[PDB]
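Asks: Each chain is listed here by its residues.
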Amino acid sequence: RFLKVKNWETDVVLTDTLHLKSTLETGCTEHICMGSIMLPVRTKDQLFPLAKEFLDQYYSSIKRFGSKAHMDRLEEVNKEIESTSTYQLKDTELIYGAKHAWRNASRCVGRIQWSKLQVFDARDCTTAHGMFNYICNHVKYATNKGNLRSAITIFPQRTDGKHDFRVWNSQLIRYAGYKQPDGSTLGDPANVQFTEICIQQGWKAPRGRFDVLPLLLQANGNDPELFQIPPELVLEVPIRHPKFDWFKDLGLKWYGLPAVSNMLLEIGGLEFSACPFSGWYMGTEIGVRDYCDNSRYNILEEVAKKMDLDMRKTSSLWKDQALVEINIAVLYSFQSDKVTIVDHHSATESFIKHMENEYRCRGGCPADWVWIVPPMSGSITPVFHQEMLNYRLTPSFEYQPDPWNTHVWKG
Amino acid sequence: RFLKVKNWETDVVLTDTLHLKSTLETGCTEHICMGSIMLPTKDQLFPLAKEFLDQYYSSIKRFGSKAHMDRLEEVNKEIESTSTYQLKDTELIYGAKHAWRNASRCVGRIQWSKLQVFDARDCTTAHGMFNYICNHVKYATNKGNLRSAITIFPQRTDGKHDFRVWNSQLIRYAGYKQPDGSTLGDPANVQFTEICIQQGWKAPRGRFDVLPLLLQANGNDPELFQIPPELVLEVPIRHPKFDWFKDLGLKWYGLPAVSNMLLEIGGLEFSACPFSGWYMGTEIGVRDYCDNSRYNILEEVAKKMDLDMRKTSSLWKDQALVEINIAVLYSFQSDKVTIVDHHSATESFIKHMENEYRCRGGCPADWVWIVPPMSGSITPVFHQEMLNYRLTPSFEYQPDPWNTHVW
Ligand code: HEM
Ligand code: HEM
Ligand SMILES: C[C@H](O)[C@H](O)[C@H]1CNc2nc(N)[nH]c(=O)c2N1
Ligand SMILES: C[C@H](O)[C@H](O)[C@H]1CNc2nc(N)[nH]c(=O)c2N1
Ligand SMILES: N=C(CS)NCCC[C@H](N)C(=O)O
Ligand SMILES: N=C(CS)NCCC[C@H](N)C(=O)O
Ligand SMILES: [Zn+2]
Numbered sequence: 299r300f301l302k303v304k305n306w307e308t309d310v311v312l313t314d315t316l317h318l319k320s321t322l323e324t325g326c327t328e329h330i331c332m333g334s335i336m337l338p348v349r350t351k352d353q354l355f356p357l358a359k360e361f362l363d364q365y366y367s368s369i370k371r372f373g374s375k376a377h378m379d380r381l382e383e384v385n386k387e388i389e390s391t392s393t394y395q396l397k398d399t400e401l402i403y404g405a406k407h408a409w410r411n412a413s414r415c416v417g418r419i420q421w422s423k424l425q426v427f428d429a430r431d432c433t434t435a436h437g438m439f440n441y442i443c444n445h446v447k448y449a450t451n452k453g454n455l456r457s458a459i460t461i462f463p464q465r466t467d468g469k470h471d472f473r474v475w476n477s478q479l480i481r482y483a484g485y486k487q488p489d490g491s492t493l494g495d496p497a498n499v500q501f502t503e504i505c506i507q508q509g510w511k512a513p514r515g516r517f518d519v520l521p522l523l524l525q526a527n528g529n530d531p532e533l534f535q536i537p538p539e540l541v542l543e544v545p546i547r548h549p550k551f552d553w554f555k556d557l558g559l560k561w562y563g564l565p566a567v568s569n570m571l572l573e574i575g576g577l578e579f580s581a582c583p584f585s586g587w588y589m590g591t592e593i594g595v596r597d598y599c600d601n602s603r604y605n606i607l608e609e610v611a612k613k614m615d616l617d618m619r620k621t622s623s624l625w626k627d628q629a630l631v632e633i634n635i636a637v638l639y640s641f642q643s644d645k646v647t648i649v650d651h652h653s654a655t656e657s658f659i660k661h662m663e664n665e666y667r668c669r670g671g672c673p674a675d676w677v678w679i680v681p682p683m684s685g686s687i688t689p690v691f692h693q694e695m696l697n698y699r700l701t702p703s704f705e706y707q708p709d710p711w712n713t714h715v716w717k718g
Numbered sequence: 299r300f301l302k303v304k305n306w307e308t309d310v311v312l313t314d315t316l317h318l319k320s321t322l323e324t325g326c327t328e329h330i331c332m333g334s335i336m337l338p350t351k352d353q354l355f356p357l358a359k360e361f362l363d364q365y366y367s368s369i370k371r372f373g374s375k376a377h378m379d380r381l382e383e384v385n386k387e388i389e390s391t392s393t394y395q396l397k398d399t400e401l402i403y404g405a406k407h408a409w410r411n412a413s414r415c416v417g418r419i420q421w422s423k424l425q426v427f428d429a430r431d432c433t434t435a436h437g438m439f440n441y442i443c444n445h446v447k448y449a450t451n452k453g454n455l456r457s458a459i460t461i462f463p464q465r466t467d468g469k470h471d472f473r474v475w476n477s478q479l480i481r482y483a484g485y486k487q488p489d490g491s492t493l494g495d496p497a498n499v500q501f502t503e504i505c506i507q508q509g510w511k512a513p514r515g516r517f518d519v520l521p522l523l524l525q526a527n528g529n530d531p532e533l534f535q536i537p538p539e540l541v542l543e544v545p546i547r548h549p550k551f552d553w554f555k556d557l558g559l560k561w562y563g564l565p566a567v568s569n570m571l572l573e574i575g576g577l578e579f580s581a582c583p584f585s586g587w588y589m590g591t592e593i594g595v596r597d598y599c600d601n602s603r604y605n606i607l608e609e610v611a612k613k614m615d616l617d618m619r620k621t622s623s624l625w626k627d628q629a630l631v632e633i634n635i636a637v638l639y640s641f642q643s644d645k646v647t648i649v650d651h652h653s654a655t656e657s658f659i660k661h662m663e664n665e666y667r668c669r670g671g672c673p674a675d676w677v678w679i680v681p682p683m684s685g686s687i688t689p690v691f692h693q694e695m696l697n698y699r700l701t702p703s704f705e706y707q708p709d710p711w712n713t714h715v716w
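For the record, the sequence lines run as chains B and A.
The first sequence maps to residues 299 to 338, 348 to 718 in PDB author numbering.
The second sequence maps to residues 299 to 338, 350 to 716 in PDB author numbering.
Warning: the hint list may mix true and false statements.
In silico DSSO-like links for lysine-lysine, alpha-carbon gap of 30 angstroms or less [what the hints assert, rightly or not]:
| # | chain 1 | residue 1 | chain 2 | residue 2 |
| --- | --- | --- | --- | --- |
| 1 | A | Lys620 | B | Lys550 |
| 2 | A | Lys620 | B | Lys645 |
| 3 | B | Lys612 | A | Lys645 |
| 4 | A | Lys555 | B | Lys613 |
| 5 | B | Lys620 | A | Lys660 |
| 6 | B | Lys550 | A | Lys550 |
| 7 | A | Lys486 | B | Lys612 |
| 8 | B | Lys486 | A | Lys660 |
| 9 | B | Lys613 | A | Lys613 |
| 10 | A | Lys620 | B | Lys660 |
| 11 | B | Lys620 | A | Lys304 |
| 12 | A | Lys486 | B | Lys302 |
| 13 | A | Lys620 | B | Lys452 |
| 14 | A | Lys302 | B | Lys486 |
| 15 | B | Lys620 | A | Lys302 |
| 16 | B | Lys620 | A | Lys555 |
| 17 | A | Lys620 | B | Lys560 |
It should be emphasised that the hints constitute simulated quantities derived from the structure, not laboratory data.
Turn these sequences into a full structure, and let the hints guide you.
Replies: Written as structure tokens, this is what we have:
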């Protein structure tokens, strides 16, 4: 079977065959679409098929399908699974795996970069201090004095589910959030629960509006331990505006390196529960969501006040006006300090080219419109007008529950 | 599968039970989501009619009544005999209001029960259709105090005698291809404009020429009519701050009136059923004015603003975009013509969702269509999970008549 997607701005029509290799389920049925829903012990029984599937893909990509090395590897993995109940990936397989999980990430607009990922193999890591060291190295490498480089660090795979490696932080670098007695929040409200945990674990909180959180790292299923990222490794950018000299006096900054650290990487049926990865920011991530979401820093009011906009009726679009200025400031500040960032126009345009290329050379590109379309100025970006098909391919990045909800405390 | 939806900004959680009444298909499967795809006999008829009459009698608290059973039997006898049936006026009004209620892509549904329904099933000719449409336009426009309305022409019989409005909206601006390659007026209507000219229309060839109506009664060849200009309310676009904005030469019409959809009630198909409410500002200022395939005015405006158009990261398009939409809203408000901004409209939709969930058990909603094309995440609907599914009565797409009509 074949499926057609149409761009309604250009009339370009593309044909998807790649969806036929989709195995996992979307959450939709014949009668209900769940396209806008945020979140819609593995035994020998299913493991080898999952392995074979991946190894077939790997060997096909390297033009060695059906070869002796291919057949020997399948044989080797089969015997290792029956003997040891799991298997270990070769380094080549791990790198391919990680790059493809990114490539298959339907919610990621930045996938044009997928093949230029730096993969750090941390499967020899045994302790939380070892994790801290690997993570510092990732941060220093990825940051690269502002010239950001995509990277992922991969900790040992899950075994029996009782010895998981986990990074308890949702991102490697994030600001603390503090709930005040009067109900207000100091810092980032998105991080209040995690902050409270850190403090309980013994973190001495500075209680400012932009405190970089400590790392909370769990090795081999043991209780997690606190570590402070050396401040010289945490690159930050003071936010100012090119025309508004009062903007700097809002006292805003942000960190340069976005590094998602709470997802699970699946490669050939193996589960990597600690696999922090990083690219670089699209401006709207910070300027629209981090700063302007009502449940985040929520700065629209204070910015609009300083702009002297008519804040009495919504139809003056005072929010829309302030939103644009804030986003200008974010991009201006990063560029001025020579820290990698991409605006939503450039990024979405690159994604369309990526997407078309993938259709031609791969037979498709799974994409989640709801996530791909930027949170401001939607229809003036080309992705708005692009039909997309969403489906699940492996290797993949998956959500997993926050560890504090599942961890069995040793004490 | 008694599903939940969460608002991630407010943590409000709603439980959906209404989806279990869904009938038709979404286009999605377990393996593939098609959420962003734009267009995804006697024995058939009676179940459809029954399902509908059942809802109707339940809604007036007479489910299982003699009158309910009587009506069921009566309709069954009429279908068996005539191969079709006719709706009572009360059933027609209920069905139309509920088709709107069920329109998962419509953000304006808080108003669903206030619809004025004009029964035009006695219409036989295109001249009669024109008259009904002029009356609709005048009633709906109401000197700028717009009122929601639908006019329903006779239902399909054998598909050889369809009533159709060839226009996509009752009021739209013409589009012409210029010798120099560019396009004058609205590029979306270049093909329709061609056909009008082909049919005898005398085009002023301006940037904002109101198209004529091409009206089809009983399957006959369609016929041209000019809407009385005094019936077409337009708004010249000016900016409250930029005096040069008026020089741009922009206007738009006050009445959005979708005329090319198909209304299905109780299995019956109404192929000509133009309806109208009032504009959300972004429809005009974002989509009509700033789409690259429409009036595409971004660079002219940014030029006048003296923005730095050398790099995309200056966000000049974004700045121009906001100003334009300020001007649209300002203008309509100043001329006392109903319009709603995207902030107000999305907030009322969240309220409407709350109401539906509580009193009806759900509200089918299409996130891709409901989230406005600008400033998405600063509107509450961005953070609202929505379940999309198909309920009847419904409005459906149908093919453009010219690709079908046997001349
Ligand atoms: C290199 C520049 C990159 C850019 C500009 C970019 C852009 C984005 C953006 C804007 C999102 C939505 C994030 C949100 O709204 O919270 C996203 C999601 C995502 N990205 Fe990328 N990304 C980049 C690199 C990467 C890399 C290196 C990986 C993995 C190796 C990756 C994997 C993902 C995944 C799995 C998601 C889904 C996140 C979720 O579901 O919460 N991205 N990306
Ligand atoms: C009264 C105020 C109304 C507002 C503010 C409103 C708002 C909207 C908006 C913004 C859209 C998206 C349209 C687009 O982007 O092209 C839409 C779609 C739609 N509306 Fe409403 N609407 C209103 C009244 C109505 C009425 C009276 C009906 C029917 C009786 C209706 C039925 C629909 C349908 C079926 C769609 C989907 C159209 C399509 O798929 O092309 N609406 N509405
Ligand atoms: C309810 C809705 O699915 C949710 O708010 C989504 C919408 N699209 C998004 N898109 C991106 N990139 N990031 C997000 O967090 C979200 N949130
Ligand atoms: C391809 C995509 O589905 C298409 O551009 C949609 C996106 N969402 C939309 N939303 C509204 N309200 N109106 C539209 O025309 C569209 N177009
Ligand atoms: N851009 C990336 C690639 S690692 N990460 C996305 C998550 C960051 C989040 N949106 C934020 O704005 O802090
Ligand atoms: N608001 C309504 C209720 S009839 N219709 C929407 C379609 C009009 C179109 N989006 C336009 O901007 O001209
Ligand atoms: Zn779906």
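Asks: Does each hint hold? Answer for all of them.
Replies: Going through the hints against the structure:
no.: 1; hint: A:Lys620 with B:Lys550; result: holds, 17 angstroms
no.: 2; hint: A:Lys620 with B:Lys645; result: holds, 16 angstroms
no.: 3; hint: B:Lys612 with A:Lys645; result: holds, 28 angstroms
no.: 4; hint: A:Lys555 with B:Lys613; result: holds, 29 angstroms
no.: 5; hint: B:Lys620 with A:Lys660; result: holds, 19 angstroms
no.: 6; hint: B:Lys550 with A:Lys550; result: holds, 19 angstroms
no.: 7; hint: A:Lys486 with B:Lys612; result: violated, 47 angstroms
no.: 8; hint: B:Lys486 with A:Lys660; result: holds, 29 angstroms
no.: 9; hint: B:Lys613 with A:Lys613; result: holds, 25 angstroms
no.: 10; hint: A:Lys620 with B:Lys660; result: holds, 19 angstroms
no.: 11; hint: B:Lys620 with A:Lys304; result: holds, 28 angstroms
no.: 12; hint: A:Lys486 with B:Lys302; result: holds, 29 angstroms
no.: 13; hint: A:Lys620 with B:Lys452; result: holds, 24 angstroms
no.: 14; hint: A:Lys302 with B:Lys486; result: holds, 28 angstroms
no.: 15; hint: B:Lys620 with A:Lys302; result: violated, 33 angstroms
no.: 16; hint: B:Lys620 with A:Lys555; result: holds, 23 angstroms
no.: 17; hint: A:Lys620 with B:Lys560; result: holds, 23 angstroms
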